[PDB]
Amino acid sequence: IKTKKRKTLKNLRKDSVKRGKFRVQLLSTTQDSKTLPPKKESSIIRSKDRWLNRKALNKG
Amino acid sequence: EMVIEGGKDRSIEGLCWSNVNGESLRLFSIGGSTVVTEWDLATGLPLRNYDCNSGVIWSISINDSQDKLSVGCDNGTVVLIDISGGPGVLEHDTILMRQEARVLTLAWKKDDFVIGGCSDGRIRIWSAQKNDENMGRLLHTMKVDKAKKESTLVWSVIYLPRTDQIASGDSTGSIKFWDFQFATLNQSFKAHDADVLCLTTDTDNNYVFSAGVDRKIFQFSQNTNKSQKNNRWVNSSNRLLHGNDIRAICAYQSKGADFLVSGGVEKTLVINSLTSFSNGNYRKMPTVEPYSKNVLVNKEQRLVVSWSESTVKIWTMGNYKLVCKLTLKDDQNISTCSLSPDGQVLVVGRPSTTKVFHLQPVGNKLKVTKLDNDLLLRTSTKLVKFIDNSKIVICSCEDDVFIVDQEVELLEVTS
Amino acid sequence: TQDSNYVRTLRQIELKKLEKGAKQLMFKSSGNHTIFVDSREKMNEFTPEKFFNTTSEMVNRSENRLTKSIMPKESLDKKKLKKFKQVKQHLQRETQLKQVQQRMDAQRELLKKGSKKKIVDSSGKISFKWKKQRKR
Amino acid sequence: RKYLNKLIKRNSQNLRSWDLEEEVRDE
Amino acid sequence: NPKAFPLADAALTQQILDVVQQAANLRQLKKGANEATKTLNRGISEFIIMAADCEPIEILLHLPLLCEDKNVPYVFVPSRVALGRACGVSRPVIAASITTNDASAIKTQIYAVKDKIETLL
Amino acid sequence: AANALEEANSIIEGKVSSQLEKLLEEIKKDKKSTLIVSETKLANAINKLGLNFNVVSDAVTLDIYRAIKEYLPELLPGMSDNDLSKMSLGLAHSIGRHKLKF
Amino acid sequence: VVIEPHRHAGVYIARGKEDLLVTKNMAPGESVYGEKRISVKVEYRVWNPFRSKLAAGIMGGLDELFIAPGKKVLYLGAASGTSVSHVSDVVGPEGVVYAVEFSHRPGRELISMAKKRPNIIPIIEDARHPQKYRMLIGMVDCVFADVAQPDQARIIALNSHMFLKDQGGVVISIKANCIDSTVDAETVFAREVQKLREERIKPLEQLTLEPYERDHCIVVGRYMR
Amino acid sequence: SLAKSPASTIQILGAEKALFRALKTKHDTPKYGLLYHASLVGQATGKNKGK
RNA sequence: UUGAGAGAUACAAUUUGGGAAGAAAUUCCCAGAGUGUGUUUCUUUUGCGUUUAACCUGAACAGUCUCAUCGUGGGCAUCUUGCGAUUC
Numbered sequence: 155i156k157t158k159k160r161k162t163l164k165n166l167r168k169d170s171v172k173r174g175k176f177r178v179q180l181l182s183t184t185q186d187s188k189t190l191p192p193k194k195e196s197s198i199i200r201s202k203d204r205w206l207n208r209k210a211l212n213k214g
Numbered sequence: 088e089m090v091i092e093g094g095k096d097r098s099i100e101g102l103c104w105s106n107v108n109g110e111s112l113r114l115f116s117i118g119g120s121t122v123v124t125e126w127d128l129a130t131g132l133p134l135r136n137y138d139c140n141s142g143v144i145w146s147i148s149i150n151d152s153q154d155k156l157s158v159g160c161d162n163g164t165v166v167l168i169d170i171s172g173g174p175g176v177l178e179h180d181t182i183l184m185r186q187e188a189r190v191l192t193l194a195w196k197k198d199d200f201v202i203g204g205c206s207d208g209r210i211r212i213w214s215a216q217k218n219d220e221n222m223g224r225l226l227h228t229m230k231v232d233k234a235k236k237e238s239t240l241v242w243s244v245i246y247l248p249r250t251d252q253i254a255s256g257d258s259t260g261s262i263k264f265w266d267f268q269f270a271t272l273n274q275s276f277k278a279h280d281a282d283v284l285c286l287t288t289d290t291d292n293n294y295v296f297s298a299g300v301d302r303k304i305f306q307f308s309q310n311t312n313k314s315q316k317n318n319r320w321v322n323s324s325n326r327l328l329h330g331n332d333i334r335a336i337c338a339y340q341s342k343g344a345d346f347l348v349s350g351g352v353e354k355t356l357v358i359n360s361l362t363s364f365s366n367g368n369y370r371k372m373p374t375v376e377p378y379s380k381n382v383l384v385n386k387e388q389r390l391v392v393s394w395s396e397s398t399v400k401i402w403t404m405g413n414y415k416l417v418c419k420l421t422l423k424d425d426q427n428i429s430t431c432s433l434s435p436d437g438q439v440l441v442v443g444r445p446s447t448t449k450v451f452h453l454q455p456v457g458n459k460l461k462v463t464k465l466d467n468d469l470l471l472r473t474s475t476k477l478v479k480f481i482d483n484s485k486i487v488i489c490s491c492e493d494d495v496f497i498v499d509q510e511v512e513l514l515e516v517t518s
Numbered sequence: 101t102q103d104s105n106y107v108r109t110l111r112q113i114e115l116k117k118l119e120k121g122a123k124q125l126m127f128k129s130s131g132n133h134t135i136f137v138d139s140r141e142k143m144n145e146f147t148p149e150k151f152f153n154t155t156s157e158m159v160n161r162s163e164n165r166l167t168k183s184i185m186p187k188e189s190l191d192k193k194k195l196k197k198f199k200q201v202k203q204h205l206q207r208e209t210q211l212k213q214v215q216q217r218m219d220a221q222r223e224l225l226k227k228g229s230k231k232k233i234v235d236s237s238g239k240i241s242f243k244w245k246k247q248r249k250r
Numbered sequence: 112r113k114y115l116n117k118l119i120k121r122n123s124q125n126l127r128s129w130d131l132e133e134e135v136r137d138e
Numbered sequence: 005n006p007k008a009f010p011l012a013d014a015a016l017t018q019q020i021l022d023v024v025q026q027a028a029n030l031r032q033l034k035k036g037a038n039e040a041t042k043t044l045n046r047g048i049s050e051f052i053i054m055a056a057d058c059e060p061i062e063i064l065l066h067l068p069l070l071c072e073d074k075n076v077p078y079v080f081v082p083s084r085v086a087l088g089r090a091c092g093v094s095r096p097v098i099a100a101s102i103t104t105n106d107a108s109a110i111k112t113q114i115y116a117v118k119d120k121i122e123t124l125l
Numbered sequence: 053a054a055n056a057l058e059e060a061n062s063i064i065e066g067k068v069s070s071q072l073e074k075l076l077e078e079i080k081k082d083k084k085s086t087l088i089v090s091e092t093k094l095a096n097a098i099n100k101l102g103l104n105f106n107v108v109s110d111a112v113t114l115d116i117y118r119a120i121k122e123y124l125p126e127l128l129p130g131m132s133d134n135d136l137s138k139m140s141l142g143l144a145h146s147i148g149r150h151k152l153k154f
Numbered sequence: 086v087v088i089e090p091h092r093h094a095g096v097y098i099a100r101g102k103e104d105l106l107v108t109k110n111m112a113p114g115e116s117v118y119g120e121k122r123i124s125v138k139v140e141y142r143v144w145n146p147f148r149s150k151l152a153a154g155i156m157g158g159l160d161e162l163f164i165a166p167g168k169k170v171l172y173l174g175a176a177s178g179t180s181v182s183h184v185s186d187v188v189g190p191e192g193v194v195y196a197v198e199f200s201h202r203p204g205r206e207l208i209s210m211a212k213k214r215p216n217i218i219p220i221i222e223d224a225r226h227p228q229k230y231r232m233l234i235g236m237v238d239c240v241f242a243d244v245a246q247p248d249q250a251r252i253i254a255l256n257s258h259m260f261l262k263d264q265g266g267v268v269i270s271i272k273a274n275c276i277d278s279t280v281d282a283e284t285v286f287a288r289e290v291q292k293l294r295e296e297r298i299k300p301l302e303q304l305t306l307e308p309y310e311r312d313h314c315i316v317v318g319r320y321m322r
Numbered sequence: 308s309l310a311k312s313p314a315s316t317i318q319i320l321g322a323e324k325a326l327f328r329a330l331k332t333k334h335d336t337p338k339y340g341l342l343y344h345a346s347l348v349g350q351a352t353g354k355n356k357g358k
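These protein sequence lines are chains Y, A, D, H, U, S, P and E, in that order. Take 155 as the starting number for the first sequence in full-length UniProt numbering and just add one per residue. Letter by letter, the second sequence follows residues 88 to 405, 413 to 499, 509 to 518 in full-length UniProt numbering. Letter by letter, the third sequence follows residues 101 to 168, 183 to 250 in full-length UniProt numbering. Take 112 as the starting number for the fourth sequence in full-length UniProt numbering and just add one per residue. Take 5 as the starting number for the fifth sequence in full-length UniProt numbering and just add one per residue. Take 53 as the starting number for the sixth sequence in full-length UniProt numbering and just add one per residue. Letter by letter, the seventh sequence follows residues 86 to 125, 138 to 322 in full-length UniProt numbering. Take 308 as the starting number for the eighth sequence in full-length UniProt numbering and just add one per residue.
For the record, the hints were derived by calculation from the structure and aren't laboratory data. Hints should not be assumed to be uniformly reliable.
[Unchecked claim] The calculated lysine-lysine pairs, modelled on DSS-like cross-linking and capped at a C-alpha distance of 27 Å, are: (1) D:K120 - D:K226; (2) U:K42 - D:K202; (3) A:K380 - Y:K172; (4) D:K123 - P:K213; (5) D:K199 - P:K121; (6) D:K239 - D:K226; (7) P:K229 - S:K151; (8) D:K187 - D:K212; (9) A:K459 - A:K386; (10) A:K386 - Y:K188; (11) D:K231 - U:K111; (12) E:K358 - E:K333.
Modelling step: build the complete structure from the supplied sequences, incorporating the hints.
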């Protein structure tokens with residue numbers, strides 16, 4: 155139960171499972187889509203802060 | 088005055104105001120995503136999530152006269168958003184002429200031109216002047232002095248209206264001033280030791296202040312009559328005030344207020360004087376001034392609850415011992431919280447919902463159970479303050495004052 | 101130049117035969133079909149014949165599902195496969211003709227005039243690089 | 112529902128077998 | 005000219021005419037509007053460069069009409085004189101088609117310029 | 053009627069601001085006590101509020117136009133569905149050959 | 086030689102020497118664009146999943162294609178008769194297609210095939226101003242979108258809020274490059290179906306039509322209200 | 308459809324059977340086509356009516 | 001040994017559903033999902049990723065003259081036996 159708690163957490167939380175040739179996506183809620191702006195794209199946020207913490211400027 | 092919180096994995100990279108004279112203030116902000124988010128200042132919620140129709144937004148700027156909005160995106164696009172339709176309604180206007188590299192900073196000349204610094208080391212100039220022949224196409228391109236051993240990114244671009252220049256800070260630390268007509272460099276300073284993330288100017292453009300990851304704020308001055316008649320900035324001064332970085336800088340200047348405000352990776356704000364930067368004094372704000380609290384105690388059981396983003400924690404005095419915590423991840427954002435006197439029921443509450451949890455001290459631990467109430471699950475809560483062990487009073491984000499476990512008459516105010 | 105014209109018109113014959121042969125075939129679709137549902141039990145279940153309506157014949161090939183003959187065993191199937199093979203060999207003929215006309219055109223381009231040098235690569239595929247000099 | 116479901120399955124097989132393949136599909 | 009859609013700015017037109025000059029040295033371009041349309045018919049053109057400088061532009065704006073059928077990129081540069089200089093002849097050149105190759109030395113430059121072209125379509 | 057002059061004239065006044073002579077006829081035939089009007093397009097502000105007509109076209113006027121445009125032919129004229137589609141396509145071909153020259 | 090029907094009447098599969106998809110005729114006798122004509138006494142025009150975009154969605158399998166033989170449909174993006182000919186064939190002479198486009202260079206052949214079919218009525222105005230053809234027709238039963246502009250969701254949202262009756266169909270074809278290149282089709286299509294269910298369009302299905310088009314999708318939805 | 312054809316096609320436009328037999332065996336193609344009956348080609352004389 | 005997270009990919013039973021046979025027990029066909037045991041794909045992650053490098057370019061082939069093209073003769077059949085492509 156210690157080695158699969160994150161597995162059963164993610165496998166019960168996540169959606170859009172496969173059905174043969176198909177894939178059954180959930181539509182989201184107006185609750186979240188009208189309470190919050192969407193999440194940041196971690197690719198570009200990691201690009202910007204990884205640039206500002208590149209090795210060529212010797213941080214310490 | 089107010090705080091508008093966002094939730095899990097939400098950030099905010101740029102934000103711009105808009106106040107057409109006679110109408111309400113309007114506040115737009117980009118996150119790390121494909122939308123612009125306009126907030127209504129009353130509730131503290133987004134009233135509009137306009138998905139910009141091209142890529143991930145890297146920068147935002149507002150037109151002079153504030154009827155249009157530039158968003159500069161990761162796929163090299165500059166998208167114009169028509170703002171003047173009223174507060175809330177945003178239309179797409181025009182995608183300007185595309186390019187390869189992402190446009191990292193924007194500025195407007197006037198209603199006419201739009202300047203943009205990109206991640207290929209270049210500074211493009213587009214014309215956003217509607218009903219011209221060259222509307223939307225990029226008129227000029229300028230290239231800054233590249234770094235020898237890494238790529239160069241132009242991080243900050245402003246327009247200086249008293250002269251006719253563009254000031255630009257890039258990731259070599261160099262700060263360049265460019266004549267707008269002829270689209271060409273007048274003078275380059277090798278100021279900082281690393282990137283120049285943000286730079287700003289005063290009203291009459293006698294000073295340009297600039298700052299970045301090497302954590303000094305440089306001041307470039309043109310105040311002498313010979314400087315104004317020769318168009319020659321000098322590298323006047325330089326101050327070390329911040330601890331880690333400066334990611335944002337801005338300036339305000341009025342009849343009884345002239346200060347530049349700056350903040351960075353260290354979480355504190357710093358206020359300096361505009362026309363008296365090197366001479367005058369400065370004030371480093373506290374990193375938090377809790378106008379909205381995140382900690383409260385209850386005298387019974389000698390216990391204290393404290394909530395950071397989307398988790399609460401409870402410990403008791405004795413030393414001290416962490417007795418329970420609630421990392422509720424069905425939640426995304428937290429806000430204010432209160433405990434019952436006798437320490438029985440906690441209620442956490444954000445502007446979208448609220449939730450109430452019975453607590454039972456089982457010894458060196460607690461047992462916490464949700465108690466369902468769909469009125470609480472549907473209501474927006476700012477403040478909950480517990481009339482009795484059962485009765486609480488709820489202030490809603492849309493100015494409602496309920497009494498649960509129903510309605511206070513509340514008179515209106517002169518607008 | 102006239103045997104380059106011969107190979108070029110042969111290539112154009114095969115090009116037109118290719119395009120108006122592939123215009124009269126039908127290709128099996130391969131697209132990521134996605135269906136949007138309600139809360140969680142509609143996703144947990146089987147999508148119960150919501151557009152298949154038989155789980156044997158009319159579920160797994162989508163060129164025509166349904167809502168309810184001259185040796186159809188192998189003769190029509192071999193005729194179908196042979197017309198597909200005809201289009202594939204039109205494609206092989208067209209690409210071989212394109213390559214041989216490309217080599218013919220490089221030779222013809224080479225023997226015109228101007229200064230040039232024989233450039234040899236790593237392998238031995240030779241090319242001819244022409245001097246930067248515009249035509250008088 | 113026997114005379115409906117059996118005839119529907121028979122008509123569906125008699126249609127769908129006459130445009131299909133088993134060993135020619137991968138080819 | 006107004007009806008010459010996508011027109012290149014200075015940086016893109018400088019690298020377009022640079023790849024035109026090295027394709028002219030590698031004998032990989034067909035210069036002239038009729039030769040450009042022949043390569044359009046035969047499907048051996050990488051991208052088409054045209055000049056927004058001809059005094060009837062309607063002698064040009066017909067190869068857009070069969071570029072958008074074969075989804076081959078096309079672009080306008082402002083000077084037929086400069087296009088003729090880049091193609092390396094003594095006359096002004098109105099249109100030029102960079103032909104296809106797979107062993108070409110300048111294949112990467114051709115691909116980079118054609119991607120920068122199809123960004124503005 | 054199917055007169056091309058009147059049809060294309062009101063078509064140009066519909067594709068532009070709506071202060072045509074038919075709208076002046078409506079201002080004549082509705083002048084009772086400076087009544088309230090529901091315009092279709094907000095860009096027809098001139099004939100919306102030119103002279104003694106309290107006009108309103110915002111965010112529910114579109115809903116009532118959805119209703120009355122859904123049931124134009126069933127009760128408003130003494131016409132039929134093929135007649136409305138024929139007069140619409142006559143106007144459409146007229147305005148198309150007017151804008152797109154030949 | 087044997088014509089079988091499809092899930093939507095007016096769409097058939099001509100099996101035999103070439104098991105290929107086909108529609109009816111409303112043009113008596115002739116083709117319009119050199120598509121192949123099959124007679125089985139009765140005339141039929143072959144649809145192509147490559148030459149056209151809705152045929153690719155049919156070939157990928159669209160169950161509730163709201164284009165159906167008892168309706169009237171609004172086509173925002175044809176530019177020429179190569180798809181609305183088949184839409185007039187499937188909707189038959191009972192209904193009407195409103196083929197609305199902006200660029201008047203292939204609007205010539207649009208109006209030219211609208212001469213031959215009274216099913217097809219053209220509109221030569223841009224689809225972000227539906228108020229300029231307020232006075233032409235309203236209350237369609239299904240919109241179709243084939244615009245390759247960046248504001249697809251806003252353009253068809255305006256057209257469906259002005260001209261689409263309740264609980265009707267929306268079919269939108271989305272090209273990924275006209276919105277955002279360099280990022281994959283899965284993210285840009287999820288972004289566009291969320292952008293379209295921001296309006297009152299309940300998304301029903303999307304499919305990617307991969308053997309016919311690179312990085313496209315067809316999204317169907319029902320217009321809520 | 309005539310406008311989007313190259314000028315060489317407009318030259319040989321009438322003489323398709325002579326053209327394609329002279330391409331499918333390696334012979335010399337015609338030079339006049341349907342354009343031979345223009346008045347200018349009537350004014351020319353020799354090989355310069357091909358020119 | 002990517003420290004961690006996710007996708008395909010073999011084996012096993014346990015299964016989910018649509019039809020046909022039966023009194024049920026259950027059978028049969030079909031389409032699927034999930035868990036354990038192997039390969040492999042993608043994103044951070046640290047010693048350091050190489051801190052330079054790659055490519056293009058300036059009058060950069062050619063006296064032992066270089067190259068092209070059409071031919072002629074000869075070798076290799078103990079095989080570069082030679083493609084409208086340079087076999088020496």
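Each hint tested on the structure:
For the hint linking D:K120 to D:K226, the alpha-carbon distance of about 37 Å lies beyond 27 Å, and the restraint is violated. With a C-alpha separation of about 26 Å, the suggested pair U:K42 and D:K202 falls inside the 27 Å cut-off, and the hint holds. Distance restraint check for A:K380 and Y:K172: the Cα-Cα separation of roughly 46 Å exceeds the 27 Å cut-off, and the hinted pair is therefore not satisfied. With a C-alpha separation of about 25 Å, the suggested pairing of D:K123 with P:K213 holds against the 27 Å cut-off.
A C-alpha spacing of about 21 Å is found between D:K199 and P:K121, which places the hinted pair at or below 27 Å, so the restraint holds. This hinted pair checks out: D:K239 and D:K226 have alpha carbons roughly 21 Å apart, not beyond 27 Å. At roughly 13 Å between alpha-carbon atoms, P:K229 and S:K151 fall within 27 Å of each other, so this suggested pair holds. With a C-alpha separation of about 39 Å, the suggested pair D:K187 and D:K212 falls outside the 27 Å cut-off, and the hint is violated.
Of the supplied pair hints, the one linking A:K459 and A:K386 holds, its CA atoms being roughly 18 Å apart against a limit of 27 Å. Among the hinted pairs, A:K386 with Y:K188 is inconsistent with the structure: their alpha-carbon atoms are about 39 Å apart, more than 27 Å. Restraint check for D:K231 and U:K111: satisfied, since their Cα atoms lie roughly 20 Å apart, inside the 27 Å limit. Straight-line distance between C-alpha atoms of E:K358 and E:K333 comes to about 22 Å, which keeps the hinted pair within the 27 Å bound.
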